Each structure stands twice: as structure tokens, then as C-alpha cells.
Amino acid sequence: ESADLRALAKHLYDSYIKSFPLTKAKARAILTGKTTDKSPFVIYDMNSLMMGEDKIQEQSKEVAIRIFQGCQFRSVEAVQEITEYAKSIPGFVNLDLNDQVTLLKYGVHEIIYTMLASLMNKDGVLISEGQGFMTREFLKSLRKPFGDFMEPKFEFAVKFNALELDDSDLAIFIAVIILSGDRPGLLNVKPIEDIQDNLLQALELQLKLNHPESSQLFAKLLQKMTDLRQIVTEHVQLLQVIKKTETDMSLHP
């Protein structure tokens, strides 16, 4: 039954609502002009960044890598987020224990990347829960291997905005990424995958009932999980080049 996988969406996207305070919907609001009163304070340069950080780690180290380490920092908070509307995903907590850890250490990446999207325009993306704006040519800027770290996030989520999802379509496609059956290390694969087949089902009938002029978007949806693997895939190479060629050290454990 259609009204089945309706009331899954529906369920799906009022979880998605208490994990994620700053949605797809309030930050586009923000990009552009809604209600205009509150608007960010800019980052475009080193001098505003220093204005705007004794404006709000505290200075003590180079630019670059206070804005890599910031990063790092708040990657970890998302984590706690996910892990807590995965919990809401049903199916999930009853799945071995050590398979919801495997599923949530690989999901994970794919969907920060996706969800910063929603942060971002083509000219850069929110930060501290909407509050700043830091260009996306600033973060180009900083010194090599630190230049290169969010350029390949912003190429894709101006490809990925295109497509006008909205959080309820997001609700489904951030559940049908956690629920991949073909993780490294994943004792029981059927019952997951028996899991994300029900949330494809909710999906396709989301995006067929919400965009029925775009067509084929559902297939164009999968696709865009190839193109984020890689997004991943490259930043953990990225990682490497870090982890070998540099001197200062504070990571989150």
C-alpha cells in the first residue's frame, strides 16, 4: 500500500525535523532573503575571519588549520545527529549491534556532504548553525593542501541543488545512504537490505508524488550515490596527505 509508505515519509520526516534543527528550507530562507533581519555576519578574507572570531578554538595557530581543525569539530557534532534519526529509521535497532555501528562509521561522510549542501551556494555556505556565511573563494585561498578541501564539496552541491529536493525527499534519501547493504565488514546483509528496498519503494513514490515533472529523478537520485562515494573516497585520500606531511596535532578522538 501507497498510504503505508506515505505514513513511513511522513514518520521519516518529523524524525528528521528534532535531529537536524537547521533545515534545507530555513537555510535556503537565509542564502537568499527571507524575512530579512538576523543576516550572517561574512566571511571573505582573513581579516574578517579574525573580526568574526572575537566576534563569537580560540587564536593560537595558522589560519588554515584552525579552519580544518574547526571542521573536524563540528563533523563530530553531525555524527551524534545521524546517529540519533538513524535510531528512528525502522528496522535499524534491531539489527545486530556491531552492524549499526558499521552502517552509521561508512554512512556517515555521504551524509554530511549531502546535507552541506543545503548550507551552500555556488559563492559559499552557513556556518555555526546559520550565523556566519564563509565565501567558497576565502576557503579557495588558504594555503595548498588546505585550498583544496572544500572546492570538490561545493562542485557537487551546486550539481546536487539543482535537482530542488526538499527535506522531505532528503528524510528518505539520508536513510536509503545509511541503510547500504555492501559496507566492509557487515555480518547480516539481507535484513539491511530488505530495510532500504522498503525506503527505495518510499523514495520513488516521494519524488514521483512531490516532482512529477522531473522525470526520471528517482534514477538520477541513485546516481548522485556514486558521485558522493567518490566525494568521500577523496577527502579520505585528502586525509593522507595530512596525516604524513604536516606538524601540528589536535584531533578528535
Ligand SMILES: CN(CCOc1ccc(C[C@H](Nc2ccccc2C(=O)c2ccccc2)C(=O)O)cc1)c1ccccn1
Second form
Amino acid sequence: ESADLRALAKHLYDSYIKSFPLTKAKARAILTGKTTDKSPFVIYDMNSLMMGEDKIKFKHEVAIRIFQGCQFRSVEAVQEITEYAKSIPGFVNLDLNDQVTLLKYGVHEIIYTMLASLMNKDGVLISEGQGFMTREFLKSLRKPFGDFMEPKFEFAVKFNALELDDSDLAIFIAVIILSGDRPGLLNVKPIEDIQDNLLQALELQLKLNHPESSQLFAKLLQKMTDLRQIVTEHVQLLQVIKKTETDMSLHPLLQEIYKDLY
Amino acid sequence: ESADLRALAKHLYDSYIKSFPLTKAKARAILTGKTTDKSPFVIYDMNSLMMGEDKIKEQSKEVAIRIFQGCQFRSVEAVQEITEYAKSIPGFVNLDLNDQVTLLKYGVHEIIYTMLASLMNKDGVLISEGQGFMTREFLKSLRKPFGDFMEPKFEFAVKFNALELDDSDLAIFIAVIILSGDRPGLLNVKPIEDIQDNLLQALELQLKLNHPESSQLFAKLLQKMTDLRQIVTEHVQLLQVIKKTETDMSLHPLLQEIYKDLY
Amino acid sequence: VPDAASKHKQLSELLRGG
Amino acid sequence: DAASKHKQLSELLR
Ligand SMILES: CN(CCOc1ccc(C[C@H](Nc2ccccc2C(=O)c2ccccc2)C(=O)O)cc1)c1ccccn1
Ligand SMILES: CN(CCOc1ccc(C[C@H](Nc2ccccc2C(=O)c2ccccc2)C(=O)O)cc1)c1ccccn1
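Since the one above is the form solved without this ligand, can you give the form solved in complex with this ligand too?
Every chain and every other molecule in the complex is listed next, the one we just looked at coming first.
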């Protein structure tokens, strides 16, 4: 029974590696200068954004540029999370309405989870590890733009304190997607069956990979509610932007995800 | 360590029993007719409400407003009971009083909704210590925006009650809830999290002994904490609609104190 | 005809095939 | 100063 749970873990880790180009292993390698990849460009003020901008591939106010660059990343992250979800056994056999609902509610929680992999207390990697934008600079963006990233840094510093690795994260984000309490699910039961198997694999995974971290499984499940508060607050700030800023349409896919979200 | 975790479970269950007069055991006994208590009076429309105001529990108001005051009254008594319970959680009263206050402030409504689930079913909720049973449909039929308050609590309760927890599980679970290290504004996170890890170990042993053959019950219960947070958030937003549109929507000073600068 | 799949055309498109 | 901003909860506690 332990071998089947470990095969599930290996399957999930392999799909994670195929779906997400920048893993936590490589992000840790950037943040402690251990890679052979060149160092990120450090964006710390208005002038260094323009100085490093040419390494950013994007086709089409500093804060408006940060907003656009972010949106571009979010759309690619949704696509990566959808590929990963597609590799979760049982997921693509569920009623497409439920597949859609689970993506709709889980994608941003996974985005914030994996974003934590790219953060330390002083900033975040951008553009697949090619740049590094400092926390102080994001916090110094004109309101309300300066308020978006700061709660994610708070969460990341606590989440990275759990010292999870890519192999843990693959199962945890699978657990997240297969959440039976998503509003609007038609058949909760097959979902919950898949999630209980994912949960068993996650519990075995954390017990083997992090002995001497008592109750790590429970701490990690508590972070799911942290993620939910983060999503709620992000939505409220998006509505400040949509109500106050001029021409800030979201990409149609992000609009599709947030329409009638909660 | 397994025997002290079981002693902690027993300690928590005894303080729960001393602190909360209406347990899940008695609510289940009422709702399934196994008690010797007389059946609740069933309030399912305006007319049956008027009929059972006549025989059992003249300041006329809006029925929706009377419901509002009744739920506020219960909430204030529940806060007092949850505070009494919280004081018996080992380690709690040695924490910096500011943190004690913060943990109460953020955890009380989550515990209120957890324990509210013990008195609900798909069709309604017990009220007034089991003397009445108010239907979901009736609560849903109060004039807008009053009709929208209970429905998310019924939704959550049907999902939470599917876990078939008992009072002994629930005592440890609400303790886990109180000792949350991620409450905004905590001064010392570490002693909180130290107490909570022991509470979590006691809860895991409790659910494994009390519900073998319920795989991963511990993980499903920890996931319900996020439902609880969304319910609190939405309830606060609806209260703020209510405070903005209605007249004399002034809460009891303790609930005002709790909602002041909550999220 | 009207359900969540229809209200999320782009998510649906991403989810299909592979 | 959390306790001073919550006199009623504080009095319940002490
Ligand atoms: C910080 N960062 C890494 C990506 O971080 C993400 C942070 C958040 C997200 C989620 C995503 N958020 C946005 C969506 C559209 C536009 C802006 C944002 C912001 O988040 C934002 C808004 C205003 C100011 C600052 C940020 C979503 O809700 O869909 C996805 C990714 C950057 C920044 C600039 C360029 C590239 N990489
Ligand atoms: C349905 N019910 C039991 C529910 O008891 C609670 C239901 C909710 C709560 C939480 C508590 N709620 C209130 C507090 C003050 C004022 C109103 C409310 C409501 O929540 C409310 C508002 C409008 C309409 C309906 C409810 C809180 O926020 O602190 C605490 C207890 C009762 C109880 C007694 C009398 C009538 N029926």
C-alpha cells in the first residue's frame, strides 16, 4: 500500500517537473547564488526596471508596466497549472463542469503557493529567473499597486519556513486542486475519492521526507486557509484597480476565472 | 506521550462539557426523537411563528429584526462560553494577554459556526436551547438583506456534519482553532504554535481511535477551517451592508469590540 | 446547454485534449 | 495594545 502511494508521489513529481519550467530547486539555486545560470537583474527602483527591461519578452508608469508583466506571468501560470492538473489521475475523467470549477477556484491558490518558491524576504524572481524584483520596490509602488505583493511576501516567508521541496509541493498542489468544497460542484464524491488518495500520498511523503518536523502535514493543511485569505484580498484590490484606474481590463482568461468567484 | 495526549483529550472534553450547556449529543438527541425532552416547536413560516410565540418563548419589532436580536443574544452568550473554555486550554492563560485577546477576537466566530453546525440539519436549526426548530426556508424568507445570513451557514453545516464528529472530537478541534499562529497582530507566535502542535497531535490520535475506517478524517477536518474563514469574511461583509442600509443596527458592545478592525 | 463549462470557454479549451 | 482595544474581552479574561 505504501508502494502505491509512493508511485503516486513519483508520478505527481514527474508531471510537476514537466509542467513548471522554474522549480523550487532552481529558484533556491538563484536566490543563494548556487546556479551556473547568470544572476537575475535586480530591480530596486524606477531606473533599474528600464535598465533590465530588454531581457523581458513581452509584446503589445512603472506600476502599469509591473501590472502588465504580472498579468503576462499569471496567464502562463494558469496554463502550467492546467497541464499539471491534467496529469492528476482521475481528473480528466471528471465531468468537465467540475474540472472547470476546480481549476477556477484552485488556480490562484496554486499560483501563490508556487510564487512562494520564488521569494525570499527581500524580493521575487521574475521572467523565469532572469530578473529579481525587490520587496521594497513593490511596496513603494503608487497605491494601490504597492499593496499587491506585500501580503504574498508575508505568506511566503512563513510558507518557506516549512522548508518544502518540489516533491512535497507536487502532492500539495494536487490536494489543493481536488478540493471537494468548491462552490458549484455537481458530483463531489469522485473528487473527494481522488483527494483522499492524494492526501494519503502527501502524508506518507511528508513523513518520509521531513521526519523531525512534527505535525508538518497539519501545518501545511492550515496554509490552505492562508491561501484563501490571500485570494480574497487580491480580488478586493483588483476591484480597487478596476474602479479607480483607467483602462485596466484583465486578460480575458483572468476575467473568465474571476467572474462570479465567491 | 500517547497517554498524555489522551489525558489532554479528556481534559479538553471535560472543559467543553463544563463550558457549553447544549452539546452536539443533546442536539442530535433532540433532532432524532431519542430524547425525553419534548419535541421542538417547529417554526416554518410567519403563521407558525405567531402560533408558538403564544404558548412558549410585546416589544413588537420586525420579525427579521427580532431574529437579528436573538442571534446577537446567543452570540454574546457563546462568546462568554468560548472564553471560559479557552481559559482551560493548557498554556493559553500564560500567553501575553494581548495575544489572548487577539486569538479570542479572531477565533470566536469560527467556533460559533463550528458549534452551530451541531444544531443544524438540511432543513433547519435548533433555537432557544432546543425549545424551537427554525427552518432554513423560513430564515431564507426574511426581507432582504436579512434572508441571506443563515444560508451559507446551512451549506457549511451540511458539509461539516457529513464528517460525523462527536463532542470529544469537537473539543479538541475548537481548541486547535483558538491556538492559530497566523492571527493578524500576534506578538509571540511561537508559544501559540507550540501549544497548537500538541493540540493537533491529540486531535489526530483522537480521530484515529474514535473513527477508524474514516480515512483521512483529520485532513478533511483541517480543511474545514478554510470554510470557517470564508463564512466569517462573508458574514462581516453582510453585517456591513446591514449597518449601511438599516436603522438602529447597533450591535452589542462586545460584538462591536470584536468586529472593530477585523480584517 | 448552460453550465460552468460554457461560462469558461478559455479554461475549457485549455482543459481539453493533451 | 490589543488588550486595551478590547476591554470587554479583557474583562472576560481577567
Ligand atoms: C511579481 N512578479 C511575479 C508574479 O507575481 C504574481 C502575482 C500575482 C499573480 C496573480 C495575478 N495578479 C495580477 C493580475 C493582473 C495584473 C496584475 C496582477 C498582480 O499581481 C499585480 C497587480 C498590481 C501590482 C502588482 C502586481 C492574478 O490576479 O491573476 C501572478 C503573479 C512579477 C512582477 C513583474 C513582472 C513579472 N513578474
Ligand atoms: C438562527 N438562530 C441561531 C443562530 O445563532 C447565531 C447565528 C449567528 C451568530 C453569529 C452572530 N450573528 C449575529 C450577531 C448580531 C446580530 C445578528 C447576527 C446574525 O447572525 C444574524 C443576522 C441577521 C439575521 C440572522 C442572523 C455574530 O455575528 O456575532 C451567532 C448565533 C437563532 C437563534 C436565536 C434566535 C433566533 N434564531
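Take the two forms, find the largest set of C-alpha atoms that superpose within 1.5 Å, and that set is the rigid core. Positions refer to the first chain, counted from 1.
Considering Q216, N47, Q223, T36, one residue stands apart with a C-alpha shift of at least 2 Å between these two forms following superposition on the core, and it is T36.
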